[PDB]
Amino acid sequence: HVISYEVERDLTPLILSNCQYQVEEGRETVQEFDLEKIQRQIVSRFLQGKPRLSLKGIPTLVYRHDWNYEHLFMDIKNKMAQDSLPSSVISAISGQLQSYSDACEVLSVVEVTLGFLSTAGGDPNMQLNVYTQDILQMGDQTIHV
Amino acid sequence: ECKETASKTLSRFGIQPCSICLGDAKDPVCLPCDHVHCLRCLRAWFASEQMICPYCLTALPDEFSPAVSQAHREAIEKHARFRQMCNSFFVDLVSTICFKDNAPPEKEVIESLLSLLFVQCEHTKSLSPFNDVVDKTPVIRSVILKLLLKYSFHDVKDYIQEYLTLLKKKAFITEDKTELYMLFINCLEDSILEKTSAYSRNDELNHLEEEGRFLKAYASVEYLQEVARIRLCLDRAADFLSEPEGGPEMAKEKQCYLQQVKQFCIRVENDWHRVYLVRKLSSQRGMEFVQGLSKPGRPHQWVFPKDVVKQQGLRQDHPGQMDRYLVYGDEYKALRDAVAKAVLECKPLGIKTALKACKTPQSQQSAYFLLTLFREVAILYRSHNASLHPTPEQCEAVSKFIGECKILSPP
Amino acid sequence: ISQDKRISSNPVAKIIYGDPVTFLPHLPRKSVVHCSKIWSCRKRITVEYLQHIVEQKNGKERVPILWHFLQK
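Chains as they are written, first to last, in UniProt numbering: chain A, 4968 to 5112; chain B, 4029 to 4148, 4160 to 4257, 4270 to 4462; chain C, 4752 to 4823.
Just so you know, the hints here were simulated from the structure itself, not pulled from any lab data. Certain hints may be false.
Unchecked claim - For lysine-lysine, the following DSS-like pairs were computed, each having C-alpha atoms within a straight-line distance of at most 30 Å:
id, chain 1, residue 1, chain 2, residue 2
1, C, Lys4808, A, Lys5004
2, C, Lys4794, B, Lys4185
3, C, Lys4756, B, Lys4189
4, A, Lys5004, B, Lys4410
5, B, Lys4410, B, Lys4457
As the list claims (entries may be wrong) - If you want a taste of the chain B side facing chain A, the calculated C-beta under 8 Å gives, among others:
id, residue
6, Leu4038
7, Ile4212
8, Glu4214
Think of the CB as a built atom: it goes at the ideal place given N, C-alpha and C, for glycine as much as any other residue.
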């Protein structure tokens, strides 16, 4: 796909193979070349159709400074629809979440759920306790979570 | 036969040449005898007041008046561009495919093309298989010669000899073979430099070494090829030594190549090669460089001619600082020599004599004055010799001159 | 240039402005090969010279592909 040529290998031998020497009686030489034929030769040998589009060439290394939730949330919201937390649900959680450790465990489950929900995406109506149980196979959850 | 049968829809009777012009027609009138005649060329023969058509030998009545036809003119010109473009572009592009590889096709193919090269007063058409019209006085076209020369020279020596023999049997053209021999030499030079000097650097230096070894073991087209190859060798030596200071190394092959070139120059006993080398160097970086570097007595004088060096040492007064400002005219030369004489002889009337005889506007006149002041004072002062510098008395003379003349009004 | 007197006062100048056949009798003669036109300096046709040809002809729109080739 590259237009590959050398100044001395294909350029001068071609250009000097079309340098036209014509002598008229009583007059000196005329040097006009066949510019159209030169263009034809160039477009045949080199300029045949071969295009390109810039999409990569990027140093997508292993890590490059991860760990922000804003872009994670952007992926979540642009990959599926997200609702809000109903008042009944917030009241029930604030009632049955009496310890910091319980909140930590629930959030630990929710973070893995977020990661999978971003990298793959799923049904916004599937129950969370199903997605975490037989879709991600997290078969070690407690009963309080 | 494609072209012979194409002339059916583009012309009701078929396009045929005339006799007044012996070819195509301009402002073409179709006579009642169905003959396309050029009105512009009709006038040249009808100014004699004898209306005779020599083709069909028809004594047309004087009442009929040939005139301009629009539809007929466009019908003629359509084909007059048709067949030219078709035949020309086909013949060149088939020459591309008929002679692609290094192997010549055959003896017969090229011989038939060369016999087709004349129309079958021999060369009048533009190298076609048809009976195309008469062009200008026969021009020796080299459009196909170059593509008949990309092969090896030795294998095509017979071809070149046959081509030159058939060219010399062309017509009553003068036998001054200079103007065509130079063309043949230049064309074979182009062929050899485009097919034997473009491999690579290592292959090129191996080729140069082999050429040098063969030169150690050392009208006709062989003589022309020898002249061209020695010309290329001396030009290569010239631009290979024509390099500024900074390359003392690499002389392992440089000292060999320059020495062998000078050995050939000594052996040939001909000064044409060295005068050509001087011309090539002057075209490369100027006649001033070759007039200053090859000064009388310079150890660098083996490349440049010797008798020229002696007869220039006898003329060592003039180094060659030639006044390249002649593009304006001889008037500038006149006032320049007048100013030089006036300053040298210590008087202002010499400059004034040229001052009076100047009809041009005074702006470029002051330009001439300042530029002549440069050409004399600065060039004489450029030499390191203080004696050759303009004398301080001359400086006071030109000072009281500029105080005398008021042409230089701007401060 | 050839008409000015100082160019006619140096053999090296006469080499490019004038013929050695009418100047130096030491030069060989009697051969059609040795003459002014045949042994005259030429100019190599480099790619930039083709650019010059395109510019002076102003076949600028005539060969757009060739235009873009010798452009950059």
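How the hints compare with the structure:
1. For the hint linking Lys4808/C to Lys5004/A, the alpha-carbon distance of about 16 Å falls within 30 Å, and the restraint holds.
2. Distance check on the hinted pair: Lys4794/C and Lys4185/B sit about 18 Å apart at the alpha-carbon level, within 30 Å; holds.
3. Distance check on the hinted pair: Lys4756/C and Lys4189/B sit about 47 Å apart at the alpha-carbon level, beyond 30 Å; violated.
4. Annotation: proposed proximity of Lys5004/A to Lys4410/B is violated, straight-line Cα distance about 53 Å (limit 30 Å).
5. The suggested pairing of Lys4410/B with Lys4457/B holds, with an alpha-carbon distance near 17 Å, which does not exceed 30 Å.
6. Against a cut-off of 8 Å between C-beta atoms, the interface hint on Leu4038/B is violated, since the closest Cβ of chain A lies about 25 Å away.
7. Interface hint status for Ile4212/B: upheld, as the beta-carbon distance to the closest one in chain A is roughly 6 Å, under 8 Å.
8. Violation of the interface hint for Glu4214/B is found here, the shortest Cβ-Cβ separation to chain A being roughly 12 Å, above the 8 Å cut-off.
Figure legend: structure checked against the earlier numbered hints; hints not met, in rising order: 3, 4, 6 and 8.
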